[PDB]
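Work the whole structure out from these sequences, hints included.
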Amino acid sequence: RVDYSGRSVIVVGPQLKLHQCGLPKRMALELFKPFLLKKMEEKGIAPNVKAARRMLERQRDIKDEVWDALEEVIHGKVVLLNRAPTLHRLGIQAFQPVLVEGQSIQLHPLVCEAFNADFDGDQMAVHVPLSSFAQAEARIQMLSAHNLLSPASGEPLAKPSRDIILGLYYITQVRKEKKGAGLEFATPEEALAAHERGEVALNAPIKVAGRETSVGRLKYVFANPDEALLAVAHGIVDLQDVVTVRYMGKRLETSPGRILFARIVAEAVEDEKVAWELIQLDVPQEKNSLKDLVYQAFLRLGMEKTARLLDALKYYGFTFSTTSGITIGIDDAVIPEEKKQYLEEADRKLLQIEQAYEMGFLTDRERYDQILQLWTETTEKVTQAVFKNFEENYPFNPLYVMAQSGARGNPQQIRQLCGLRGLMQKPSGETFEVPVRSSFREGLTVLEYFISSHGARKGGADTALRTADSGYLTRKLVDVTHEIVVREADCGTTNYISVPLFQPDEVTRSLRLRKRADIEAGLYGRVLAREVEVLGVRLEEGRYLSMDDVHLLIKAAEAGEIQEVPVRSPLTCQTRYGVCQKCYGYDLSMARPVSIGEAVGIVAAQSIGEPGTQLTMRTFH
Amino acid sequence: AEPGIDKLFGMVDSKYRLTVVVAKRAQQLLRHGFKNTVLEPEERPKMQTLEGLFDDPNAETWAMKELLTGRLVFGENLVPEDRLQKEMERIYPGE
Amino acid sequence: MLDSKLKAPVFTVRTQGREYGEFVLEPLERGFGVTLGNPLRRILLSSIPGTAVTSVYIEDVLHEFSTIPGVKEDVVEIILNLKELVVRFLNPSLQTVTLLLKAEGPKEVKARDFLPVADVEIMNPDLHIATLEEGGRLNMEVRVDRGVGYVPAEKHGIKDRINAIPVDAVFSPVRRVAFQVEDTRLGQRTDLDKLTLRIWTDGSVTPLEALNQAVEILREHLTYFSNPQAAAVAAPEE
Amino acid sequence: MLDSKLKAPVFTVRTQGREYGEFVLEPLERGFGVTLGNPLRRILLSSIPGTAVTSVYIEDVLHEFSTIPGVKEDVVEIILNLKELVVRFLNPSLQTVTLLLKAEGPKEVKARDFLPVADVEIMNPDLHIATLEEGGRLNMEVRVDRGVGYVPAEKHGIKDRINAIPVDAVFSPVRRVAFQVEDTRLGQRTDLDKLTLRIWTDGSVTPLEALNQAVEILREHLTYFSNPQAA
Amino acid sequence: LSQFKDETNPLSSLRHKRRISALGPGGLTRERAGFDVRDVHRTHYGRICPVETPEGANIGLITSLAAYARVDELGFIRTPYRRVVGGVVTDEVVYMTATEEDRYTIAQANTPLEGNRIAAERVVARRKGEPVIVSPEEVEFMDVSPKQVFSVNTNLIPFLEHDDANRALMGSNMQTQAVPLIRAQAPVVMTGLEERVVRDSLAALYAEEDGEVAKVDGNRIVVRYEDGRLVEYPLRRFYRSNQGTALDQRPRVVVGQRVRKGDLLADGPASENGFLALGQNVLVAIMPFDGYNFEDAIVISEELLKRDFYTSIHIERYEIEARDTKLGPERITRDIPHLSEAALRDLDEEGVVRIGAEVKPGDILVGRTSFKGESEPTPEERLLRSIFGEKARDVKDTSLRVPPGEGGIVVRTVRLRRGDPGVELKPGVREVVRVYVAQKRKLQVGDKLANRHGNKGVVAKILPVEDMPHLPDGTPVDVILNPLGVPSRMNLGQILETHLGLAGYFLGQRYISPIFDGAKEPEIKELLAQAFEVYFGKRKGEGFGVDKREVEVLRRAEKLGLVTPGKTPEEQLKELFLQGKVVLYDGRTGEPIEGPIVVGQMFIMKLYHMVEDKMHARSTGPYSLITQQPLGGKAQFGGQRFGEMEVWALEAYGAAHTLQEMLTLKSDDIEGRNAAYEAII
Amino acid sequence: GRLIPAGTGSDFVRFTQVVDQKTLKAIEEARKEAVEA
Ligand SMILES: Nc1nc2c(ncn2[C@@H]2O[C@H](COP(=O)(O)OP(=O)(O)O)[C@@H](OP(=O)(O)OP(=O)(O)O)[C@H]2O)c(=O)[nH]1
Ligand SMILES: [Mg+2]
Ligand SMILES: [Mg+2]
Ligand SMILES: [Mg+2]
Ligand SMILES: [Zn+2]
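Protein chains in written order, with the authors' numbering: chain E, 622 to 1242; chain G, 2 to 96; chain F, 1 to 238; chain C, 1 to 231; chain S, 391 to 1071; chain U, 1469 to 1505.
Hints in this document: simulated from the structure, not taken from any laboratory.
We treat Cβ as the ideally placed atom computed from N, Cα and C, and that holds for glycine.
Interface residues of chain C toward chain S, partial, derived using beta-carbon atoms under 7 Å: (1) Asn-38; (2) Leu-62; (3) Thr-67; (4) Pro-69; (5) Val-71; (6) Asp-74; (7) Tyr-150; (8) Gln-180.
Heads up, incomplete: computed chain G residues facing chain E, CB under 8 Å, no partners named: (9) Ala-2; (10) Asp-7; (11) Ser-15; (12) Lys-16; (13) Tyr-17; (14) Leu-19; (15) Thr-20; (16) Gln-28; (17) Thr-50; (18) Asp-57; (19) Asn-59; (20) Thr-62.
Printed below as a string of C-alpha cells:
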C-alpha cells in the first residue's frame, strides 16, 4: 500500500487538454499536504508547520487563502493515474492536476480507449510521484501526451473514438440526391431550368453532353475557402452539399465541410503545406481514415504538434456532433422489405427438407445439419439486405452511420435490431434447430426470449471466468521475460531470419500474398540484415524499416520482385542475457529506433496478454 | 505537450539519459537556490498568482528550459567523486 | 461578503494588420460569454456596410460559358477574380455605381485599369483578373452596389444590360469569425466565463470597427423595445 | 433615399395577469429573430432577481428531520411548500422580511395566515403550507431575502436563531421563456422575422419588468466593449 | 447462508428473501462446475429468472425465483399451468413440478383466443423443452402469464421483449440500488406489479377493515373500524436501515375520511400511493452534447436540483467506546485538553454533541480522553510543558471526530452507561455513545443514474437551464442521454419508453404496459397523434404559426427521408412527431438542432452510494504493527494496494525511481519515509 | 527493494553527469596548481 495515494469516481472531462485531469482540490490537499505546509510557511498563512497542519485538521477552520497555495505547489508537478485492471503499460498515465471542486476526477476522453474506462462509474486511483526524479520520469516518460502510439501494434492508441468521429464523419460526408435521375441535354441555363422548376434535385447524379457534374457544381462556384462557409453561414447551402471551390490555383469539386476539415487540420498543425498533403479530401473521415491522419502527423510533424491535432479534432467532433443532431427513435431501426420474402422462402424450403425427412431420404443428423445451413445462409441474406437498404434509402440513418464510421456497433448488432437475431445455441452446446425469427424492433417471443438466454449465459461464464484471473497469462509471460532488457546497442552478429510475403493457403501449397496487416506485423520497424534492392531502390543493409518501406516491399512483392525479407530478430539475438537495440528495432510507441534500457520483455508480455480477455474462451464453431 | 519534448529527445542518445540528465540537473538547480542557473533573467519561468509574475518553483521544469539552450554539457564521465561535492558549493553559496 | 456586484471586465485587444483581431473580455458572469458571443457574431456576418458586384457586362460573349479568344481564363474564372476585390467610398450618396476596364496585348493587367469614377476609391492595389497575349480584345461595364450579406444570383432580379449577367453578391466585408468561450476563475469563482473573439475582414473595414459598429447595431436595435401597444391575449375555448 | 439602411419597428405588448406577457417586434430583418430574441432568453432565465424563503424557525423543532404532533406534514414537507410561496417587495430598498405564523387547533394553514407586514404582498395567499389537527399547534417564523440565481441551503449559514433551518433559495422570478420567430412581409421584401418573446413569471415581477430589465442588462453589458488595452 | 438484510429500498428487501444460492454447505466455487450448473437450464422456465444473477465471479451461482414460482410440501419448484381440453381452454390451473411438466405439450401464453376457444391454425408450443408449431387438438396445458417466466425485479421493465437480456439483467439488478427519493415517483410507463410489490413488501401501511379515520399527524394514525376497534398505527418515522436509506411512513389520508379495507393509509418510503416509487420521471432528450456525455456519461439540467428531484435523506450511525485500560480508565468528557473553546460550542452536552447541530469533517461528535504514553512525560516534553505550567495531564485527544468527506446534521444521540436497563455490556468497556447524522443528498457531478433497460452513467456535468435544449413552448429538457450508448447495447425498450412518455406527457397520462403483452408500435403513434393536438393543435389558437427555424429543419428532415416532401409544413411535423423526434432549439445560440431529436419522458433512478466507492485520499497516517505497511484509521484512509499488475505497468515504463519509491519510501521503508517527509517539509 | 535494473536504472545511462558552462571552470580550478619553484 502506498502513502501518497487516493481514489475516486471518474466523470469525463471534454474541456480538458490531452495532458491534464480534473482533480478534487479536496483530494490534492491530502495528497500534497506536506508540500502545501511549506508554501504555507513560505507565505504568511502559517507561523510554523504545526500551526499550518493545525490550520487544517478541521475542515471549516481552513482559511481560503490556502487554496491559492495548493495551485502554487501543484504548478509544474504531475500526478499519476491507474485503473484496475492494469493490463498494460498505459493503465498508468501522468497528467497535470487541474484542481476542480466536488468529489470526482474529470479525465480527458482520449486516454479513455487506453485505460479501457467508461463512465458508468469506473473509478480510478491517483498516486503522487515524490522525488524530483520520479516527477522527472513521470513527465518525460509517462505523460499522456508523449505516449501516443501503441507498444503492441505501432498504431496510434489515442484516436478519435466516439462522438468525435460521429461529429467529423457527418460534416465531411457529401450527399446523394435521387429525384433527378440520369439526364443528358444542353448545359447553358437549360440545366438550371429543371432545378428552377425542381425536376432535378441539386446533388443528383447528372451527365449532360460534356462531363459528369452535380448542379450543384455549377450553380455555386466559390472564389476562396471562406466565401464558401460564408454561404453555409447564411444557410444558402450546407457542408453536405457538393460544390465547386478554388484554392492554391486548383479548381475542386468537394463540399464545404471537406474544406472545413481540410482546414481544422491545417490550422492546428501550423503548417498548411504539410497539412493538406495528409488529408484524404476524397472520402468521409472515419475510425481508420483519421487513425492514419494522426500517424502521419506524428512522423511528419513532431509528437508535440501531434498533441494539438488530437484536441482540435476532439473539439470539433463534439461541437459538430451536437448540432448535427442524430439520435435513435424506434423508427431509425429501418427493417428491409426482404425479411418477409426471405423468411417466406426459408419457410418453404423448410417444407422441402421436412418432406424429404418424412420420406426417408435424409437421416436425422442429415436433416438437422441441412436446416441449420439454410439459416446460416439466411441469417446472412437478411444482414446483407439490411445494409443495401441503409446504403440505398437511408444512407444517413443514425445506426447506419455510427456503424460505418466506426463510431458504434457492428453488422451482427444492427442485425439483431433490424434483421433477425437468428440461430441460438442450446445450453449443452447443440444449436436449436429453430432460430429467433424476430428482431429487437419487433420484440421477441416470451419463448424466443428464453431460447436466447443459454448462450446469453455462456457469454458471461466466459469473461467472468477470466475476470477473477486472466492476469494469468501475463503473470506467466512476465515470469519468463522480465530479465530481458535492451543492454547493448549493436550486439554484432551476421545472422538473421527471413520474413515471408506469401502464404500457402489456397492449399495444398497454393500460393498467395499475406493480408497487408500480417506483413506489417513481422516487418514494421525491423532492421535489415542484408541490403535489399527492390523496385529501383536499395534499402541498404542495416536500415530501419520505415512503414513506407513495409508498404514499398509489398508493392515490390505484388510487383513480383521479392518473396522473403532478411530481417534481424530477437529470435537470433546474441546479447549476453538480453537483446541488442538493432536486434529489436523501432520503439513502436514512438516511430524511432528503440533506445537502450527499455524494459522490452515486460512490454512483450503485457502486449501479448492485454487482449487475452477478448480471445473466445473455448471452441465454439 | 511539455516544451520542445522532441528537441530534448534529440540531445541524448537514449530516452533515459535525458531523464537522468534533467533530474540530476534539477537537483543541483534546486540545491543551490537557483544560483547555478545557466539561463538569463529574462528567459526564466514564471507564474501568474496574486497578480504577480514570480519565478516557477518547479525545478524539473527549469532544467528542461535550461538544457534546451545547450548551455549545459553531459556525459558518462566529466568529474571525479566527492571532488565535485565542493566545487559547486564555493562558486554558488552552499548554505 | 458572499459577495457583491461584478468586477469591470478588461476588454483586451491585441491588433495585427487590417484584417485580423483578437478580442478578449473577462471576467464575465457564468453564461454571459455565450450570451455575447452569438448575437455579436451573426451581426458581424450579416449587417456590416458592404459593397458587392451583382451584374457583369461582358464585351465578346453572348453566352457566359466560353473562354474569350486570346485570354487563358474562362468566363467563370474571371467573375471569381472580381469576387476577390475590395472597394471603398468617401461619399454618403452612392447607392450604386458602374465601372469600366479596357486592355489587350502583351502587357500585364491589374485592378487599376478601372477608372476612378466618382468617390469610388478601389482598395486592393495589385490584383489579378486576367492576362491577354494576342489580338483578342475585351472591354467591360461591371455593375457595383451597396448592401449587406450574401445574395445568390438566382435570388435577385433586374439585370444590367442584355450583354450582362446576374452574379452573387459578396456584401459583408467580414470574412470569418471565431470565438471560444472558456471557464475562467476569480480567486474564489471558477464558474465565470472568458470571451475571446476572432474576426477576419476583407480589409475594407477595420475588424475593431466592424466589432464596434456590430456591438452598436445591437445597442441600437435594443431601443426598438420602446413604443408599446396593448392587445387582448387569447381564447379559453374549454 | 439612402439605399442601405432601415426604419424603426413596432414593439408591442399583450399582458395577461401578473405572470404572462408576449412581446412582438415586426418587422425584424432576416436572422434577427434569434439574434436578439435569444440572448435575452438567457439573461431573462438566468439573471433577473427576485425573492425566496431562506430561513425557517419553527417553535419546538430543532432541524428539518423532525415531526410535529398533530401535524400531517413533516418539516421537510412543510418547508417544501414554502419553497413555492411567492412574495412582493413593494419598496425597492427593502432587503428582507421575517413573516410570522401562529396557529392552533383544526385548520388548513395557508400563505394568508402569515402575519401582515407593510409593503410586502403575499402573492399566493392560498398556497397550502400545512394541515394541523385537534391539539395540533404550529408557531413559526420565516425569513425572506431579495436575491438572484439559485443559492442552495449548504451555501449559506443564515442562522437567525440557533434552531433555524436554511433553505434552498430559487431566486429568479422568471418561470419560463419561449420565443417564436415567424415570417412577415413588407410588400417587396418577403423574408422578415416576427420576434415574440413569451415570458411567464411568478408574480413578484412583471413579464414587462423582467423584459425591461434583461434588455437593460445586455446594454449594461455592451458597455464593456469600449475602452481597449493591449496585452 | 445468513447475511445482512438488503434494504436499500423495499424492492431490494423483497428480492433478498427470494434468493437461492448453491454455496454454503453444498459444493462451492473451488470446484466451480462451470458452464454446467451456472448455465440456465431447460427446466428453469417459470422456476428461475433466466435473467437475474450477480455480475462477475458469482454468475449463475446465486439466483432469483420466478414471479409465479412455488415450493411444494416436498421442496420442488412448481410453475402454474392451466389445463386445456379439446382446444377449449379451462381456468382449472395446475401447479406441475419439473418432472410432471415433461409429460405434456404445453402452449405459450399468447395463443390467439376466442373466449374459451383457441382461434389458431398453428399453435406455438413447448414439448418438454423443444418448441414445435402444433395443432390445437394436441395441446393440454397453457402458460398462465408471460410473467411466470421471470423474477419480480425483471417483471418491472416495460418493453422487456425489445430489450436484450444482458442489458435487462442490469436493469433487474440496479433496481436493488434504488434509494428512496423524497419525491419518490412511480414510473410513467408501468408493468402491473407496481402496487402488488408495495403491498407484499410491506412498503406502505394499509387499512385492515372498513371504517372512519380519527387522527392524522406525522407521528401516528388512529382509526375506528366498523366493529368498534379504535386502533393506533404509529407511522414508524425516520428510521435507519441496514444500508442507511431511510425507511419510514408518510400518511395519505385526512381526518374523518371514510375508507375501505386494504385502502392506503400511509405511503412507503418508496411508494407513491401504493405504487412502487423507485426513481423519477423526467423529460429526456437523447443526443450527443459536446462530449459531456462521452462514454455513458450523462448531463443534468440544474433545474432538477431546484425541484429537489434527486435529493435523498441518509442516516449515518457512529459509535464510541469508553473502555477500561491498564493505564487507567478513559472518559467521555466535554473537557478535551487542547487549545480551543470556541470550537466546543455545539458540544457542551457533557461529552456528547447537541441534537440539532451541523457537523462538517473534523468537528467532534463525542469528546473522549484516554491515558497514553506509559506514565512519564517525554524527555523533550518534560522540558516543554513545564514552561506553560506542567499539569501535562496524562489524558489524550481520542475524541470521536467527523470522518473526512462530509457528515451532515445531528438527529439523535444515545448515551448508554453500564447497560443497567437491560442492555448487554461489552467486556472491559465502561460505556458507549451513539450519534446519528442525517443529510439530504442532492444530485451532483458523480452521482450515478440508471434506467430499467440497463442504462447506467454518471452525472458528468450539471448545466444551467440557460444552456439546455428546449421545445418550442420554451420547455427545456431535464436530462441528455447520448445515443451511442444504445446501438451496441440493444436495449430498445428505452426508446419505446421515451416515445410513450412524449405522449403521456401532453396526454397528461401514465400507462400500464405488461411484460410481453403491452403497447404495440401502432397504438403508440396513435397516442402520439392525440398528443400532437395538446402540444401543437393549440399552438395556433394562441396566435402563433410555425417558426422560421422549423422551415430550416423540415428541409433537412425530408431529405433524411424522415418526412414526406409535398405535405404541408404543418403536417410534415405531425409525421415527425409520431416518430418520436420533435424539433429542439440549442439553448445557447437559439438556433435549431439540424435534424429532429427524439425527446420524451423516461423514468430514472439515482443509484445508491457505497462507502467503498466513497472518495478517498491519503497523504500519510497509520502503519500496521507487524509488516509496517500503511493502514486505515477512521479519520485516516489507508493507501492503495499497489498490486503486481501495476508494478509491471511502471517497469514497462522504465520508471525506475518511481517504482522503487512505491516499494520503499511510501510503504515499508521505516527509516526513509520519515527522512522523506522532513525533506518535503 | 533495490533500484530496478532498467530505464533510468540501467548501468548504461545512470552515471551520466551534468554540469554548467561556468562550473566547467572546475577543470581550471585544478588546472593551475602543480609546478613549484
Ligand atoms: N483494445 C481493447 N479493446 C477492448 C477492450 N475492452 C473492450 N474492448 C472493445 O471495445 C468494444 C466494445 O466494448 P464494450 O464497452 O463491451 O461495448 P458496449 O459499450 O456495447 O458494452 C468491443 O469491440 P468493438 O465494438 O469492435 O470496438 P469499437 O469498434 O466500438 O471501438 C471490444 O472488443 C480492451 O481492454 N482493449
Ligand atoms: Mg464500453
Ligand atoms: Mg464500467
Ligand atoms: Mg465523512
Ligand atoms: Zn542480437
